[PDB]
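A quick write-up on the structure given underneath.
One chain of protein is taken out of this complex; the other chains stay put.
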């Protein structure tokens, strides 16, 4: 093994990664599995989670783990936790739940009756310290049914199904070791199962939720993303300029704000179903659609009217037309790139071919840009990786750059037209190299066999694609009509 | 076509991109041209703009597009727009134009007479709602001649000619479909034609203009740029630390600020010609010049004295000498890279050679690093792309990192020495691959022909290089002496 050789060269014994030894460049450590619990969803036969899933899907995983015993009153919760977890108490004392002086007389009710007392630690977590509860939106619904019903009103691609569908059914999550993608589970699960993603516990302050910081921890990246798209627009620059002195205590409403934030435009008038204002779900802009077409007029008009809070509607209309035009141009480059990549596959010059790689997460040796394949950036060919990057990392983000008025990210920036250009050159470069090698090998009669490292290795060998077998899919999950579903190749049903 | 094949594989009909259909990965959609208007400048015979250029070059493109009819008084503008575009009115009411209580008695005059009344919507836009005006600096000049004259005093590479010259004459803009580069036109045109780039409409607040946020929406990137260079210096960190509590109402003046901002150093004492403090124009640091040489002493001394607002002049002098030294070292790596790239061209081993690519925007098949060629990151070879990245994205930004005291971006960061190192390896890697292929093909007698995808494709076919013909340049534009010009290969004149 690599570890055995490295052990003799660097003079450090081989051992398990988890024993506490400081391994020199990690060279002689052997991978050990962390403790797992079973994952939920249609791939439950092999999907794993780390036990810390208890906090994010508590209905299915939460158990008692406290060493403190007793049945306590609310005031006892506060007195002790003032010493034991002081900031939780400080947050709670600065919240409407724990302070009547900041209440606005909203008219909150539980079981038809007004909630006039403080809402304490015990009211949300329980009175028995050995049977403490870790809540979800189901608790909040007792007293905030409107916000909860909206939070639960989204379709696929919204907070509503972020975890239940888009973690448990998603290829990139199910195809990887659980501990590699813990952050995916939690980011998506906080969005779905909690009410603290925007207004954090334990202050639960709406003023905090109106700030772009309420969204950007999740809405960033693929490198750049809507955070960078917003922050590099003039709206984002004005947010930075005015944040410290503007009145964040004002409701999200026409005329209450000079500078628009994520919440202002997407949680219009406090609507807790922010997805619904979108024209149409486009798989993060990977699917091409002209939002200015006659069939989408009601949606376009609604956006124009939102912009009219602070602008001429003609100006707004022009800007959204620039989006449509910019998006349509961006897809010519993706189609150019796709032709080159698929062309290489049809000619059999891709190295490795699907047969030379580890099997995909379905357990098949299928080209990733075919229907039934798994588009990905890992455990695949360079050509396939670059293709996925073109469509996901770049083409989708061009739409986001136009949607958020980032002149820079539309053009020179990350996720831009010019990044698409450069990626197209990279793809053509790979393709050209592949074709020059194949042409030479053909002519001189060399029989090329793709290297073993495309197929086997310490990480590649951990992939679940190796252990897929017939009948390992819970197709009853996919038969459910109460949630939407991803169109996975092994779904087994409609 | 690609669309036809994809249509049969994915089961979605081919169609135009603009009909509103949600196209699966955009695979079966066909590119349609957006509505265009003719562009201005020396390439007016084929340059196009989207119609939204009306807002940014209104003198040449603005037309009535309102549905509201009438001739109104100022107070009528305000009453109705309070409902129709509330934030504009709120901004205006919080501006000196719309509120006497915040005026400073500057002594503003129009046609020799003092402006003592409110300056309302009608005073800037007109009284007739069917003949509304969209202004430029020409309006502001009526009452603010000093600021306007300075705004118009810059040379090439300043706000003064950002659009008129550096959009309308620039290869990367004229060589691309209009809708791909809308953001370029607007970013550059806002800088040139407007007075709202730093102090935004409709508050027009100088305190806002003093903040780095007044500059960073435009002065960012190539990936990193002067924003990142400033933000990652100790000055930038202190700006973030002190922004919320410092007094931004103070004039840009020696002793009024602890933390220097872009405006402080470049709009010294409120000068609206920020380019003039620069030692010399260097094409964004792509041209090498030692700013510490005896011939530039007056400029260096002026910078040292600016720094002396808050520092020892000896310290400042040392720091600017570090810039000079760091810059000069950076150019050894670019010259190393250029030798390798040009060497490959001279040996004819570049794939594709210029003849194998689409023609450049001049309509020629010329190597991009020759005089008369078009240095670019798109529609070119990987080797040429990497070269352009070395000089533009990296070498120029090394200067910016030193100029703005970013220890990190000088060394490990984006646009740094170490990024130059890595790019040099990438260039040598490409060169080495090209030479190994050519050596093999020579010896075995394979006649390599560069792939068709370097030349043709859905995006490449839209490029204006294909439709260039003799006599399509307005050389009278280039003959103008009232504006500077870019030294374009097809200029036809001096």
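By written order: A and B. Residues from 1 in each chain.
Simple rule for what comes next: a contact is a pair of C-beta atoms (placed from the backbone, for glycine too) under 8 Å apart; a residue touches a chain by one contact, two chains touch by 3 or more.
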Residue of B:138, B:295 or B:467 touching the missing chain in the full complex: B:295
Residue of B:413, B:457, B:465 or B:484 in touch with the missing chain, whole complex considered: B:413
Option from A:180, A:472, A:474 or A:490 whose C-beta touches the chain left out: A:180
Touch with the omitted chain, as defined above, among A:43, A:454, A:477 or A:478: A:454
Option touching the unshown chain, where B:103, B:110, B:138 or B:436 are the choices: B:436
Contact footprint on chain B, counting only the chain that is left out: 232-234, 236-238, 240-242, 244-245, 254-255, 257-258, 280, 282, 286-290, 292-296, 308-312, 314-315, 318-319, 321-322, 324-326, 328-329, 331-336, 338-340, 343, 370-371, 391, 395, 406-408, 410-414, 417-418, 421-422, 424-426, 428-429, 431-433, 435-436, 439-440, 443-444
Interface residues of chain A (partner: the chain not displayed): 2-3, 6, 9-10, 17-27, 29, 31-32, 34, 50-52, 54-55, 65-66, 84-88, 90-91, 177, 179-184, 186-187, 200, 203, 208, 211, 213-214, 216-218, 220-223, 243-245, 351, 377-382, 385, 389, 430, 433, 437, 440-441, 444, 446, 448, 450-451, 453-454, 457-460, 462
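Here is the rule we go by: only the chains that are shown with their structure count from here on.
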Averaged-CA centre spacing for the pair chain B and chain A, given as whole angstrom: 32
